[PDB]
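Starting from the known structure of chain A, arrange chain A' with the ligands on it as the hints suggest.
These are the residues of each chain, in order.
There are 2 protein chains.
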Amino acid sequence: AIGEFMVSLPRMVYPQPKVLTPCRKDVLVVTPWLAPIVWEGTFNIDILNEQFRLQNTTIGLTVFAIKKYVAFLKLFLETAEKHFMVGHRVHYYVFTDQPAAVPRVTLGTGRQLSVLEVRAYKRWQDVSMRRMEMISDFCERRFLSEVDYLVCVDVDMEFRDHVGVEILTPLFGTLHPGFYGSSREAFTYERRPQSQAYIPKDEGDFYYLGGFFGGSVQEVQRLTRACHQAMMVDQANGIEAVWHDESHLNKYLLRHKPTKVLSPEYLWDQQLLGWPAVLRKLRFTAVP
Amino acid sequence: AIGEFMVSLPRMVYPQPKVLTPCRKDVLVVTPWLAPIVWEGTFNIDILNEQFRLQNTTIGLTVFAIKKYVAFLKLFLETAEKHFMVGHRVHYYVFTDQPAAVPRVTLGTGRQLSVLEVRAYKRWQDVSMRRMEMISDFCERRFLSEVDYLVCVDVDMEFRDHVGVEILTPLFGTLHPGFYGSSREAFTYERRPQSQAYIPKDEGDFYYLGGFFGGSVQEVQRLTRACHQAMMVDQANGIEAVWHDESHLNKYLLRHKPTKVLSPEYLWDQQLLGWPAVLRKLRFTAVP
Ligand SMILES: O=c1ccn([C@@H]2O[C@H](COP(=O)(O)OP(=O)(O)O)[C@@H](O)[C@H]2O)c(=O)[nH]1
Ligand SMILES: O=c1ccn([C@@H]2O[C@H](COP(=O)(O)OP(=O)(O)O)[C@@H](O)[C@H]2O)c(=O)[nH]1
Ligand SMILES: [Mn+2]
Ligand SMILES: [Mn+2]
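Going line by line, the protein sequences match chains A and A'. A prime marks a further copy of an entry chain.
Under the authors' numbering, the first residue of the first sequence carries the number 58, and numbering increases by one thereafter.
Under the authors' numbering, the first residue of the second sequence carries the number 58, and numbering increases by one thereafter.
By construction, these hints were calculated from the structure, which means they are not laboratory data.
There may be inaccurate statements among the hints.
Here are the simulated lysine to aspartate or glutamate pairs, EDC-like style, with alpha carbons at most 20 Å apart [what the hints assert, rightly or not]:
1. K75/A / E97/A'
2. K75/A / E242/A'
3. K75/A' / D83/A
4. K124/A' / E260/A'
5. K75/A' / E61/A'
6. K179/A / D154/A
7. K131/A' / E174/A'
8. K75/A' / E97/A
9. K338/A' / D218/A'
10. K82/A' / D218/A
11. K131/A' / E215/A'
12. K124/A / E190/A
13. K338/A / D83/A
14. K75/A / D83/A'
15. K82/A' / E97/A'
16. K179/A' / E215/A'
17. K179/A' / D213/A'
18. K131/A / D154/A
19. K75/A' / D259/A
20. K82/A' / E215/A
21. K179/A' / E97/A'
22. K75/A' / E242/A
23. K131/A / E260/A
24. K124/A / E215/A
25. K131/A / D213/A
26. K139/A / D213/A
27. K179/A' / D154/A'
28. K82/A / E215/A'
29. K124/A' / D218/A'
30. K75/A / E174/A'
31. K139/A' / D211/A'
32. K125/A / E107/A
33. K82/A / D218/A'
34. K75/A / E260/A'
35. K338/A / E215/A
36. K125/A' / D154/A'
37. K125/A / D211/A
38. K75/A' / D154/A
This is chain A alone, in the form it adopts within the complex:
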């Protein structure tokens, strides 16, 4: 459930937060619109686990595995079992053009997997883009009835460390690991005014990933509907944004501020970017 009467927390013994001691002094931990930026050291997971378990929270995780990308599902799902929302109710939704190629992965108690067959698209860009349509179509359908939050991620990834209820909020995006230290003029936003995804050089907060976003079912339905509609306008006008649905997601999150932002801990590429000191954990990472 979300927004329902909240029962009292039980007594808990944990370290006192000290007002004159920051958790992290090396990084921005709150956005200028007062959304937490989620880094290791900023959250007590025992408190958060209590809060979300008392609400019997169910998290849906969507992943697309179209054409050759079905090869990524075994590691994705097996590592999700080790690291993603462990202890909470989880519903995996695997969208694929090859239901028979979905590996048989053993799940923990309270976790389920549904295979949703979709059409395969010829262009990888179109495959990547059509996720917005498909997610919004399934929101109306089963997601509103089955889960409280949706987490929407790329499949060519593995979980290496904890990804849990600290991410959950009405609307979240994730800082792209290539751009978290960049100035906004360097962000690869869509820069052509002819596209609905257009962001001028003097606007922008962050560069968010197409590969890891989420929120409440309602807010995810809103985001994916808006991005799908904006993509349809661009298509009608004969323009395709530079980074496809990621460009539209960035436009959306500029105009509709997320209520949490996830640090690049939550989507990293160690081969391309190593392991910087500012990253205390690499939680979800690109497969080589």
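Relative to the frame of chain A, chain A' with the ligands by itself:
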């Protein structure tokens, strides 16, 4: 409105938040349950004003002025006009045993004041305590129909600087200015197990003020109902908590974590505590 469809923000030009530059390195700006702690430098008020104006947010401000405390209303209200939620819709609710002693204060456009007559209590403790009952009785009544958020404050105070929509959230408390640097064993929580307000020496996050709390109408109704019920139990058992409704508020906020915490900028006593470097603004202050 709260929770209603949110329109897009317009284009805005403002400084880019930089991930590798904290806003404040001298203070904790987020709690371990991922609630912002509101300090100067943590928020862009232009972004927040946009967000809340697009929702046509109405803020109710409750204040009790019983017996001699009616003398405090003129400065309280006149300074509120200069500093509290300017630009937003505001409804003041003045609870008093002397309606004729309420000063005639000129209000800005979009702001209104209602005088609510109540009984006067003999003991200042009882006057202070009975606010919980009265606020919960008025929630059911007019507050649900008239405002989106409630802010509940002491009257023996003046606004000196901006107090605005940065505070608004489902549930907030304010760090008591005497204890923000203290360890929890030193907090003046109720320590007798015989009281419903009891907090053991190894529990507690912060010491919050009875004099400045708020949230959505629903969450404020919940808090004030719970504190009133707990006070009635204590009375039936012949015990009165050490700091009266403040002790109960602390118990409530321990077991029901606030979604923002306000720094001591938001309730300070300059005569008793001076003007420390960590306080960049003194926003709402005790009258000598
Ligand atoms: O042929 C494809 C191309 C893309 N995808 C899905 O679309 C996501 C985004 O594409 P990709 O990971 O190739 O993009 P990048 O990580 O380079 O942004 C992939 O993770 C898959 O989930 C897919 O299933 N099959
Ligand atoms: O005779 C009284 C005593 C208390 N109060 C109200 O109760 C609040 C809390 O009491 P006080 O400010 O005396 O307590 P302190 O600031 O010492 O906690 C006051 O601000 C008033 O709003 C009042 O109106 N009349
Ligand atoms: Mn990918
Ligand atoms: Mn007072």
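Practice problem: For the pair we were handed, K125/A and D211/A, check the Cα-Cα distance against 20 Å. | Solution: Cα-Cα ~14 Å, so holds.
**Report entry** Hinted pair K131/A' and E174/A', Cα distance within 20 Å
**Finding:** holds, 17 Å
Under the criterion that the straight-line Cα-Cα distance not exceed 20 Å, is the pair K82/A', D218/A satisfied?
Given that 20 Å is the threshold and the Cα spacing comes to 27 Å, the pair is violated.
Q) CA of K338/A to CA of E215/A, is that 20 Å or under? A) holds, 14 Å
Given the hinted pair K338/A' and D218/A', is their alpha-carbon gap at most 20 Å? Between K338/A' and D218/A' the Cα gap is close to 7 Å, so the pair holds against 20 Å.
Subject >> Distance restraint between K75/A' and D83/A, which requires alpha-carbon spacing of 20 Å or less >> reply: At roughly 11 Å apart (the allowed maximum being 20 Å), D83/A and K75/A' satisfy the hint.
- Task: Sort out whether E215/A lies within 20 Å of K82/A', counting only the CA atoms.
- Result: Between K82/A' and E215/A the Cα gap is close to 33 Å, so the pair fails against 20 Å, i.e. violated.
Assess, step by step, whether the Cα of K75/A is no farther than 20 Å from the Cα of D83/A', and give holds or violated.
Satisfied, since the Cα-Cα distance of roughly 11 Å is no more than 20 Å.
- Task: Would you check the hint for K139/A and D213/A, treating anything up to 20 Å between C-alpha atoms as holding?
- Result: holds, 17 Å
Next on the checklist: Can you confirm whether the C-alpha distance between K125/A and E107/A stays at or below 20 Å?
Outcome noted: Violated: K125/A and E107/A sit about 40 Å apart, past 20 Å.
Taken at face value, is the distance from the CA of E97/A to the CA of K75/A' at most 20 Å? holds, 18 Å
Can the restraint linking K124/A and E215/A be considered satisfied, given a maximum Cα separation of 20 Å?
Holds, at about 19 Å.
In this structure, the hints that do not hold are numbers 4, 5, 10, 16, 20, 21, 23, 28, 29, 30, 32, 33, 38, in rising order.
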